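Below sits a lone chain in structure tokens, taken as the form solved without nicotinamide-adenine-dinucleotide.
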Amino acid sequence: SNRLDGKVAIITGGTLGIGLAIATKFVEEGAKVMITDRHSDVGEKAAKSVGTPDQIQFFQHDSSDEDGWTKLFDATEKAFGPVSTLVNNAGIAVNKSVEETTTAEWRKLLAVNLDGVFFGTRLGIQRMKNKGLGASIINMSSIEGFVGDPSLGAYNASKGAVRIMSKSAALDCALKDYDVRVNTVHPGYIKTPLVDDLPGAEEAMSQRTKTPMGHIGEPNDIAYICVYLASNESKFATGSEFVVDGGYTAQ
């Protein structure tokens, strides 16, 4: 209870699935939250579903949009005061091997999953440093930041990039006494409405050769590790990877 007292969080891709659960638990624990999505039609509904405007609001933004990042931080600060917490959660996937990835697919995926995370991390450091906020940047990787998948080539590239970029940022922030921590979270497979819409997907993900627990996770599994990382409870954790994957990478 009140584990995020006084925190102000931006969560990209916060209107659905993992991002929405993070937003929900953040609000429950006392944080003010701005959620984003590229779209407008889902965001206001999603915010109101979690709480009132004094707790959580929506801001339309594509995380690949560099200039939109300043606007997002400015809107969040206007609503709630200085931002203390950034969850870079927006991402997309291309279901292609490296061999079969078009250059357009490559650039599109990297724009969201890599450039977007860089834009957010860079701006977050600049805006959150040296303010006594207990600032925390949580960058969403996945199991595909550790292991390959033959049909997620560009996705693997992006997750490996975010995994190690985050360490660079963590180190610089620590060495410069910025009061900003940077860590990555690595979900395995998580059940969402989007997964439910893909016939056979949950079953395939739940095979023991994929997920040893024999079932997949749920959005709150990722929410709870994010609460820990946003909270001052994790004030000595930086530059590290936090894996919640049902055993996927343990075998």
Given for the second form:
Number of protein chains: 4
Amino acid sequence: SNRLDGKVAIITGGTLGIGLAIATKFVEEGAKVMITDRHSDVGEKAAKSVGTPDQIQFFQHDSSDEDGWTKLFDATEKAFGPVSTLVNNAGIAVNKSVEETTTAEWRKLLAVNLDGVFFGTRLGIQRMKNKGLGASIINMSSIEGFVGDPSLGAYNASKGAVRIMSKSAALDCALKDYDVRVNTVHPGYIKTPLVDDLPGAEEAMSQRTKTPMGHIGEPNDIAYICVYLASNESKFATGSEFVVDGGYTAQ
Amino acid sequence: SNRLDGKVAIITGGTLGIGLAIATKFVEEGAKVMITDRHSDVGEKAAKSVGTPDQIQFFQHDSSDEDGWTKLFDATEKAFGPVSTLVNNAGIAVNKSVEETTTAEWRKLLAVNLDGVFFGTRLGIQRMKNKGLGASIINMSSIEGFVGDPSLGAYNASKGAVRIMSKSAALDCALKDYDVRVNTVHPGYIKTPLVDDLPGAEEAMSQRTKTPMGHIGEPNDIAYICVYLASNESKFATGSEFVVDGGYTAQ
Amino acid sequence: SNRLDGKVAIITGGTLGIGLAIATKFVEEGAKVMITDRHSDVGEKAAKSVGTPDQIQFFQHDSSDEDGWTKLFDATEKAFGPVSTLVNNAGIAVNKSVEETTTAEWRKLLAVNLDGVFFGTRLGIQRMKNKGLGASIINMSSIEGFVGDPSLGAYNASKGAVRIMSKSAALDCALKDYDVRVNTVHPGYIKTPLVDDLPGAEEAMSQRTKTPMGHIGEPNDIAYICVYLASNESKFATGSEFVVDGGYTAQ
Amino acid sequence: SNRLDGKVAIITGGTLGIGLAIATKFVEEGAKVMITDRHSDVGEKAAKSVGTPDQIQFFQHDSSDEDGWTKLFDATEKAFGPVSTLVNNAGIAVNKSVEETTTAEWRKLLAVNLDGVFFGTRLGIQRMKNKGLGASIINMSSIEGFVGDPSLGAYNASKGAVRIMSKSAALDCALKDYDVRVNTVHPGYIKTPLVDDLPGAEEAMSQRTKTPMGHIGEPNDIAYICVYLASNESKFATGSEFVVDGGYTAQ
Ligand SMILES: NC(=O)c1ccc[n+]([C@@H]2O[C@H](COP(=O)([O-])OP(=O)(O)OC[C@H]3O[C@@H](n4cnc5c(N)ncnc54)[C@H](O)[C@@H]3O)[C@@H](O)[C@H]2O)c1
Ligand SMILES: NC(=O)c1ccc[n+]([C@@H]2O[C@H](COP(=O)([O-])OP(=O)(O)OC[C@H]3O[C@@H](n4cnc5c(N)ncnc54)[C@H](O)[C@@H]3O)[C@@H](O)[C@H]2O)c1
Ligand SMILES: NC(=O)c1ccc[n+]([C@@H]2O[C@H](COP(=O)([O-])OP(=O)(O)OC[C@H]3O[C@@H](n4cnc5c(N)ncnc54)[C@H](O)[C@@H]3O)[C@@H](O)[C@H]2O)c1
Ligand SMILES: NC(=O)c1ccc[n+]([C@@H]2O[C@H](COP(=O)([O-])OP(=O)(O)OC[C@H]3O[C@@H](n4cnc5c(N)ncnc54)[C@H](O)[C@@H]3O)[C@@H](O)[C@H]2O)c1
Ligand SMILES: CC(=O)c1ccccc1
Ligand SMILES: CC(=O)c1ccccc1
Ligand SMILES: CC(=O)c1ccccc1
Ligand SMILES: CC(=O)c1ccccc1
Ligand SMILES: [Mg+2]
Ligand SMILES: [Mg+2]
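Switch from the form solved without nicotinamide-adenine-dinucleotide, shown above, to the form deposited with nicotinamide-adenine-dinucleotide bound and output its structure.
Let us now look at the entire complex, which starts with that chain.
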């Protein structure tokens, strides 16, 4: 309770799985929240499932859409006052090796996973700096920002980019006394409805050779590290990677 | 509030600075706490400053003392019930290059910073495994576990050792279903009375070439990441490094 | 002598500085070399400065040009036989923070530094796999693939991407028994004519707070690690980062 | 040929496997070499197998023996002139989890793998600094200096320590203009007679979940990266980790 009092957060891809848990816990801690998704049918229901409009709203947006990011910030500020917190969570995967990645797949993934995080980080800094908000940008950056996977070539590119770009932004913010921190969160495999719909997926990810705990995590595992990073508890953490992966990258 | 309900923690070097803040916040979150220090004059006062004996006690112990670690666990369990949480925080520094480190300095530092963390981790696993406690071992492992410093040669050895030994322990615990997690915390420079007593130290550490935020942190910065790691909030985090350094290692 | 016998290498941006030294040493070790650059006036002279057409040729190409990559491989194979070795060295920098990066700057840098390395890596794997060449792809990936710099936001994104994408490609190649290795090289600051033309640059980069050796490196420093990685000497190295930075990332 | 002309190297544990290959290639490149081992029966034969006394000699020494390190340097200098190159290669393993490591096992491993590297690094700096030798200290620091293994607890401690202590030493040497570089080499699994004598070991290490290349390496794989690091080719590399692991740490 109260760990995010007065905060105003945008969470991209906040309508499902990890994003929805982050929104849920954010609201529970006192934050006002705008969640996004490219699809309105999902977002409208999702917000209501978490709370009332005074707590949480939906804004339809594809994070790859530059001009829409401005509209998104404006809508959030209209609803809740100046934004203090941005979680760049929206992402997609292509299940291809580097060898087998089409250029169209490449461009499509980089638009969401890399351009979208860039657009959101850049705008966030511009909108949140110098306001005494204890502003925090949390970029979702995966175990796949640390290690490769033979069948996630473009994904790996996107996640390594986010990992180090976030450091750049953290440093400039720190050096300029912007009162904006930038950090990355690195989930291992997390159980969601989508993983549940992929036959064999959770079992494959739970083999000790993949996740040493022998099971995968749950959305709240990612929500809790996000609360810490959005809160003023983490006011001396910037430019750092926070990994919650059941041991996946420790071996 | 309540984030550590039912937990029983040992914090080595819990009587001053970072250790004392960790103890303070632990108590505030519902944990029972045993703090240690080689010196009784400090520890007795420190416990009382935080809370009552039903919340927090002192046990005199040098973390380099193998046999005393057993006594410590036994005393904690006597006071509060089975231990769920160990923060290996006690440490010393020698201000020498590798070139200029005496063998006596070398052995003395490794006894506290490395043997002591080993003794505590080993015993913790043995005492906490298979009890359904949501057991967590948090090993203090420094920015100096990631980068070198020309005048911290033995310290760097100790902190790199702790960093990777903790991974080993995390993995074995995960693979064996012990219900024990092991992670490391990596503070940058933190303001304490001891730093305050070193003329010029805080200013030197606050230069942008050292800490990009332009200032050093405070004990509570380390306390809050420890709360997260001791709590069940972090139940899928094991084998990972959590850095709170004001940007120091990001550049 | 003879360390690259029978090898056939493409080096992008091989006409100046690091790329030219890599080409020079490659030729000296027995490799046939095709160097590229967007500008013909530079490339023609550069090749001749190193050796004869039977040793080294120029092919005009912007690494951001997908279709030209095919033409490049075809020309190299025509000149020298099947390609065994690719050094993705061409790159540009934008001297902007994330905050201050225009979208046009962003797209332009990612086209050369990220898309171009992707196009070259993908094609290289397709053309070099399963031929018994001891094939090696060496991706230039910078100190800026490890740490951030406040004024290199897009560059940092590109270099982090290359760093982890290269791991993906290495893994798939290894798992499929392609006889292709993929590794990254991470230069610190290196003295070239371009650095010489930037007043104050070498001095700034040589401050101990930047490069602990107190001076910057020279093109041959990067050439020699490339020889090792192109040669069969490195036949068990794949998926790894090789840093030659005068200590820059060690502190 | 000639890549180590004029160099004078000590290689600890130079009589078998990786150490012997490093000695062999060193001699082949023009270096004079003193190899060590605790056992004389092995060392005497080993030297002769590589070359003549004017090229390579044996000195009986346990790297855990502080006072013997001085004797070792003195003997080398007597034979070949001032030492330019030290490869701290001697090491042992205990096949125990942290939980199950006895204190005697702990102390024994740390004596060889950590104290021994410290003694050798410290003395090397003192003996090699300020002599214009292009001095290089290469510390063997394992894949187990990057990731944990549940059954290599003390080993992991030792290898993480070496990894970061080497950075400290590199930095001090660089900052003081000592003309001594310090770097670490990180082998994955390598085929030797000892591995051959462990039934099932090579097959277990060659599973794609362990080594993605599907096979383990050979002693020369480690020799070649050592040649590069001992040579002046690497004169701008210090404080860095060089990994040759068949992909083991890339996934
Ligand atoms: N589910 C897992 O096991 C897992 C594991 C590792 C990492 N991740 C990563 O963590 C993050 C969060 O995952 P999640 O569970 O909310 O995902 P999910 O798989 O359950 O659903 C995908 C999410 O991304 C959003 N999304 C996709 N494209 C978008 C776009 N153009 N604009 C806005 N939103 C978009 C959706 O709203 C949705 O919340 C992602 O960046 C993903 O790359 C997930
Ligand atoms: N103060 C800083 O700026 C800073 C910065 C980086 C890291 N650290 C590290 O963080 C950890 C915590 O620091 P702190 O502020 O509690 O320290 P402090 O500098 O204020 O005081 C030293 C601490 O270590 C304990 N200690 C020392 N030797 C001991 C032994 N043999 N047995 C038991 N206790 C012992 C003391 O109780 C005390 O709490 C340490 O491991 C240290 O290495 C501190
Ligand atoms: N010079 C330094 O101090 C330094 C330091 C760190 C990293 N780097 C990096 O190392 C690599 C090599 O540098 P260099 O010294 O050959 O560079 P240089 O600065 O001397 O000249 C730039 C190089 O890139 C090439 N180039 C640029 N855009 C290109 C395109 N679209 N297509 C083909 N070629 C292109 C040029 O041929 C030229 O060789 C680059 O990836 C760069 O990002 C350089
Ligand atoms: N063999 C592998 O598969 C493998 C894999 C990863 C790492 N390593 C590591 O690489 C290094 C070299 O291995 P190697 O193949 O020469 O080993 P080896 O297993 O074939 O034989 C052990 C080596 O260590 C030496 N040694 C052990 N204790 C010693 C002491 N107290 N003093 C002096 N010498 C001592 C011996 O001379 C011998 O060369 C070691 O540090 C080891 O920890 C080996
Ligand atoms: C972690 C991850 O990227 C992923 C991607 C595609 C399918 C399943 C998992
Ligand atoms: C962080 C650290 O180790 C230190 C050591 C000695 C003095 C001041 C700081
Ligand atoms: C290393 C590097 O990226 C750089 C970029 C621009 C100018 C000078 C150096
Ligand atoms: C790499 C390694 O440490 C090892 C140790 C013991 C047995 C086999 C391998
Ligand atoms: Mg791994
Ligand atoms: Mg640094």
